[PDB]
Amino acid sequence: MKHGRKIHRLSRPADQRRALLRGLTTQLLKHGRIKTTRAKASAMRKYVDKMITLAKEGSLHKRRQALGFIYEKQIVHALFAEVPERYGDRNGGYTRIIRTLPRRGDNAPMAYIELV
Amino acid sequence: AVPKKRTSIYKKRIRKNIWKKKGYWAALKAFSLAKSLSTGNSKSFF
Amino acid sequence: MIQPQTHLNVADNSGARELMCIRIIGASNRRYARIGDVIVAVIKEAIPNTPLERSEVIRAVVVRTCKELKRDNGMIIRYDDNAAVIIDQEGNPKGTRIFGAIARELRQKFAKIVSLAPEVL
Amino acid sequence: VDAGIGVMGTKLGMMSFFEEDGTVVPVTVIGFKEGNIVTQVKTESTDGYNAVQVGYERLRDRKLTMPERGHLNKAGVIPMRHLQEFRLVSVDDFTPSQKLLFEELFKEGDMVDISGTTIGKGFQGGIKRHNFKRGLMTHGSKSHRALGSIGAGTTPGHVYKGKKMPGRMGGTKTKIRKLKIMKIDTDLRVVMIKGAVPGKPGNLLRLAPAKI
Amino acid sequence: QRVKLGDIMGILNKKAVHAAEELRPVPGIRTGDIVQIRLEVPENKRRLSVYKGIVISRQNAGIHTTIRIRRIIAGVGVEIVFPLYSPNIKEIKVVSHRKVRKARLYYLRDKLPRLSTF
RNA sequence: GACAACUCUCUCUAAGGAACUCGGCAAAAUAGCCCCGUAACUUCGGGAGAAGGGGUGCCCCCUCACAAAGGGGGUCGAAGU
RNA sequence: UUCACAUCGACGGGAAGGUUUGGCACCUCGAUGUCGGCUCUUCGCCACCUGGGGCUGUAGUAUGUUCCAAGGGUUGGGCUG
RNA sequence: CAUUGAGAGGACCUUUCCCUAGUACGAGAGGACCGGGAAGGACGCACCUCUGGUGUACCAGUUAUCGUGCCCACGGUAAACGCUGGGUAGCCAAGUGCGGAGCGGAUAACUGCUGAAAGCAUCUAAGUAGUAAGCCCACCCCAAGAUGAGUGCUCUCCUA
RNA sequence: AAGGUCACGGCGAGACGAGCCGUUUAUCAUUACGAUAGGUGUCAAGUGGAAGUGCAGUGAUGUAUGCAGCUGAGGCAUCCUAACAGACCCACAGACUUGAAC
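Chains as they are written, first to last, in the entry's author numbering: chain P, 11 to 126; chain b, 2 to 47; chain M, 1 to 121; chain F, 86 to 297; chain R, 115 to 232.
Among the hints, erroneous ones may be present.
Straight-line distance between alpha carbons at most 30 Å, and here's what the computed DSSO-like set of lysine-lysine pairs gives [claimed, not checked]:
no., chain 1, residue 1, chain 2, residue 2
1, b, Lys22, b, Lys6
2, P, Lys50, b, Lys44
3, P, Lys45, b, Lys44
4, F, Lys285, P, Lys16
5, R, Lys118, F, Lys148
6, F, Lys268, R, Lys118
7, F, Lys148, b, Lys5
8, b, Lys17, b, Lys6
9, P, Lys12, F, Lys268
10, F, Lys192, F, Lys296
11, P, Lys66, P, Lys16
12, R, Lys166, F, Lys192
13, P, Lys12, F, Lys213
14, R, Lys129, R, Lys159
15, R, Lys225, M, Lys67
16, P, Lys16, F, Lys213
17, R, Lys166, R, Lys118
Here are some of the chain R residues that sit facing chain M, going by a computed Cβ distance under 8 Å [claimed, not checked]:
no., residue
18, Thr179
19, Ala188
20, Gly189
21, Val190
22, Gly191
23, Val192
24, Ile194
25, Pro197
26, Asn202
27, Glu205
28, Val208
29, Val214
30, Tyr220
What the hints contain is simulated information worked out from the structure, not anything from laboratory work. Just so it is clear, CB atoms sit at the ideal spot from N, CA and C, and this is done for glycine as well.
Modelling step: build the complete structure from the supplied sequences, incorporating the hints.
Below, the structure written as C-alpha cells:
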C-alpha cells in the first residue's frame, strides 16, 4: 500500500526516471516554458526548485552540486551567475504550472511550466 | 472460461447503454471547461 | 528461537559437545523455543569417554540464544551461540562446571543452574 | 449501551513512559483539538432511548452545513466537526447545553475501552485478510498464495456463503477493551494511555470506560 | 502564555528527557566509545552491576536513546541494549574511544573476538 | 495515468539450515593467479584442479631474469581476482 | 474368591447405517479426467480430549464403563507413491 | 447529521504450576474437581514506543570503464540500482498492547422438594429447587432495499 | 433554494466509483477554530565526517577548518507557487380517506 510514500514516480523505472527528471529540468532552465504531462510537471517542480535555491548560494561546492545534476554545462554557469538577481528574496516557490488542453492521441493531461 | 450461451438483445442493450452513458457523464465536464474558457480570468490554457 | 532441528552448543562439561533439539517440552507451542525452556536434545557428538554418547536422547535447557531477549528494565541480551545445559527433570544439571554467562531471571526456576555460573550477569 | 458517558480524543503518536519503578511501558498519547461538549440528551419518552450527544473539533461555520449549524445553535453551543452520542443506561442527568466535561473521571476508572477507525489497507488478498497459508513455492508448484480450493463437488453445487474470499481489509471502526489509563497531565490536557490504539496519529478516537 | 501546538508529542518527549538529564548527567556517547555502566538492579544486596563494553551503535529516539554494547564474556559475545535515560542506570562512564570510521558497527560482530574484548 | 489483490522476471530477509519434499528438484553457496599438500584404490596411464590451507588493494625500496614475479616496510576499507 | 449382569460375555436371535469388499447393471462412451499430497472448506456422530452424571469388585490418585454433550480441539517427524 | 435496532456475522477455547494442604483419605505408599492466584499455548483484533526485516527517497566504501578539455571533484553504465555496509517514514514480525466476561434466562443427562393415582411408595401426574464448554441474551463489528423501507432536531423554499 | 455534483489543491482513503479534508485577502486580537499540496526556513532523524585551502609525509595516505557535508515523503513556521474561472443537477408546499381538539 502507498500509505506514507511520497516520492512522485513516473511511468518509468528508477534509472530512466532519474534521467527524465534531469534532462527535463535542464530544458526548463533553458527555455522557461515547457510542455509536459501534469505528473512530470509536479516531479519537475520539486527538483527545479532545488536547483534555483542551489544557485541562490553561489559557493563553489554548491556550484559543483549543480554542475553534477544538470546535463548541459553552460546553462549552469548562466544560471547561478544570473539568478541571485532574478530570485532575490522570492524565497521559495519559483515555478508555475499553468495548464492546458490534453494531448490528441492519448487524451493525456498536459501542462505547461513557467518560471515565476 | 468459454461462455455457454449468447446473451439476449435485452441484456446487451443494457450494457451498451451503460457504456455510452458513461460517455454521457463525461461531456458536461467538458462543457463546463468550455463555458469557463470563454474569455475570463483564469490560470490555464496559455 | 529454537526450531526443532538446531545444533546447540553446551554450556557445561557434562560431556556433550553439540546436540540436536527435538520438539521442546512444556509450552504447547514448540514452533519456537526460547530462553528458560526445555528441549529434547539428541546428542550429536561428544568427548569420547563420557556417559553421554553418540545419539542418546536426553533432556536439556536453553541458556543462550541468538535471538533477542527482552527484560523488565528494558534491556535486551543477545549472545552469539545457541547453547544448552543437560538437565534432570527434578533439578540440578549433571555437568558440574558451567561456561559463559546466563540470564538471571531463569534463577526463579533453575536455581542450581545459576549458582554454578561464572557470570550470572 | 455503555457503562458511562465517554469522551473522544485524537491519537497523537506513541512513546515510552519510564515508570519510576524502572520498568519500561509503551503508551500512546491522546489529545483534544477542541473540548467535548454535550449537545443533546434524549429521553425514553420524547425519544426511544437514553443517550447524550457530545461533539468535538470546533470549526469555522463555513465548513459546516445549515442543518448542522442549526442543530448546534439550538442548544447554544460552539461549532464542532465531529459529533457522536453515547447511549447510556437510562440515568441521564445532563443539561444538553454545553456541560463541558473533563477527565476528572477516567483516572478513577483505571480501565478504558476506546473505539477507533482503524487504518485502511485497500483490497488485500486471501493470504493476509484471513491468515490463509500458501502452497509450496517450489517443487513444480504453480499456485502460490492463491486462494486454493473453494468448495466440494456437485452436491453443495455452489460456494457456501460467508466464504473467506479476498477483499477490503481496514477502514471500519473497532473497539479495544480493558485498556488501562496512566499518568495524565491536565496542564497539557494530554492522556498517556498505555497500549496501542486504532489509527495513525490524527484520527478521532472515542474513549469510554469499560463494559465488564 | 499561549497554548501548546497540535504536534505536542515532540515537546512531551523533550520534557521527559530534560528531567532525566537533570537527575543524572550523561556524557555524550558516540559510536566507538568504551563505556562502563553502573546499574541498579532489584534485590541483589549489592545491585551495582558493572557492564563494560564497546558502544556498537546508538539509536537516538527521545527517552529511548539507547546504546547497544558488545563485550566478550567467557566465550560468547554478550550484546546488550541499555537505554540511557532509564532511571535505573546509577551512572555511566565513558572510558576510551576506539576511533572507528562508521556509525553502526555490526561488523564488529562476527570478526575475530580479539577486537571486541572491551 | 495510478499505483489493490494476484501471475511472471528479479533483489533482500531477523533466529534456525532440508525440519519442505516423491527426491535439497529449484535457489544460495564455491570459483581467478600464485604457494604448501594431495589419500583409498590402479589396467599402474590415472585418480587429481583429489581433499584441504594460505596470500593477493595501493605506495616506497633492491635484489632474482636483473622484460615479469618474489623479499622488506607502510597506508586504507567492514569487505582487496 | 461366593455373586449371570463392576467388567467379559460362549451358544443362537432381532435391527439401523451406508462409508469397505461386493451383486445388478438404471443414467453418463459426439467423452462423468483416476490414487496420494498442498490450500480451503463445511457437515454427521453412535465422544478420542476438554463440560457436567450415574454405577464401580470407586479408600484416595488412577480408572472401567455407560448418560446428556459436536462449542471447540483433534502435533512434529523417520519409512512407503 | 445523530441514530433504535429485526436480521446476519466473529468470538466466548485449553494446559501446567502455587494457596487451600500434605489437608481429607489411607497400614503405608501415595495424595483430593470446593474455591481462588500466576504463568503459558493456539487463536483473534490491533499498533509502531522498543528490538529487528525491507525500504530501488537517502548517505557512505569501492571495482571496470566512458563522458564533464585536463588533475581534483562528479555524472552515466553493469536483465531493477554494479557489488557491498547503514537507515527515517511506510508496510511488516520472530516486537509490542489487549482479549475471551459479575455474565443473566431457559434447558438435556442427573440429583431433588411437597404428593396422590394405588387408605405405603414413587423427582411427576398438579406445582416447584439445583445444574453442562451445549441453547438464547450479553461481548465485538455491519445493519431501515427491515420495500414491514423506523426514529428526531435541524434546514429548504408557498412569486408563478 | 436547503443540499449536492463537477471543477481546483491533496490524504494516514483508494483497483475505478467511494470516503475525508481543503478551495485565498487563506484573520487580527487578550487562552483553542482559516495553512490543502508544493517550495522555502528551521528542528528532530539518517549517514557519518564534505569542498577548497593549510600542515606532516618522497608517495599511498593522514590531519585542522568540522557531529561539518550532502540528505529534510516526519514536526512547526512561511501565502512564494497552485486551489482562478466556472459549470450542472436541485424547485413552488408535498394527490385520496375518515379521526380529534378550538
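Taking the hints in turn, this is what the structure says about them:
1. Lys22(b) <-> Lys6(b): Within the cut-off at roughly 26 Å; holds.
2. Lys50(P) <-> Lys44(b): holds, 19 Å
3. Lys45(P) <-> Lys44(b): Between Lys45(P) and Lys44(b) the Cα gap is close to 15 Å, so the pair holds against 30 Å.
4. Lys285(F) <-> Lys16(P): holds, 16 Å
5. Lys118(R) <-> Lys148(F): holds, 24 Å
6. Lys268(F) <-> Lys118(R): Given that 30 Å is the threshold and the Cα spacing comes to 19 Å, the pair holds.
7. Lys148(F) <-> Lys5(b): Answer violated: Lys148(F) to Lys5(b) is near 54 Å, above 30 Å.
8. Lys17(b) <-> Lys6(b): Cα-Cα ~18 Å, so holds.
9. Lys12(P) <-> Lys268(F): The hint is violated at about 36 Å.
10. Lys192(F) <-> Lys296(F): Judged against 30 Å, a Cα distance of about 16 Å means the pair holds.
11. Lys66(P) <-> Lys16(P): holds, 26 Å
12. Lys166(R) <-> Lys192(F): violated, 42 Å
13. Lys12(P) <-> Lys213(F): holds, 17 Å
14. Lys129(R) <-> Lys159(R): violated, 33 Å
15. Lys225(R) <-> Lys67(M): Holds, because 19 Å separates the two Cα atoms, which is no more than 30 Å.
16. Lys16(P) <-> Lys213(F): holds, 25 Å
17. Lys166(R) <-> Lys118(R): It is violated: about 42 Å lies between the C-alpha atoms, which goes past 30 Å.
18. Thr179: Violated. Min distance 12 Å.
19. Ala188: With a closest approach of 4 Å, the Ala188(R) hint holds.
20. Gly189: holds, 6 Å
21. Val190: Since the shortest Cβ distance to chain M is 5 Å, the answer is holds.
22. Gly191: The hint holds - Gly191(R) has a Cβ within 8 Å of chain M, the shortest such distance being about 4 Å.
23. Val192: holds, 6 Å
24. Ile194: Because about 5 Å separates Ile194(R) from the closest Cβ in chain M, which is inside the 8 Å limit, the hint holds.
25. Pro197: It holds, given that the least Cβ distance between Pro197(R) and chain M is near 6 Å, below 8 Å.
26. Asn202: holds, 5 Å
27. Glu205: violated, 15 Å
28. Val208: violated, 19 Å
29. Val214: violated, 20 Å
30. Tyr220: violated, 12 Å
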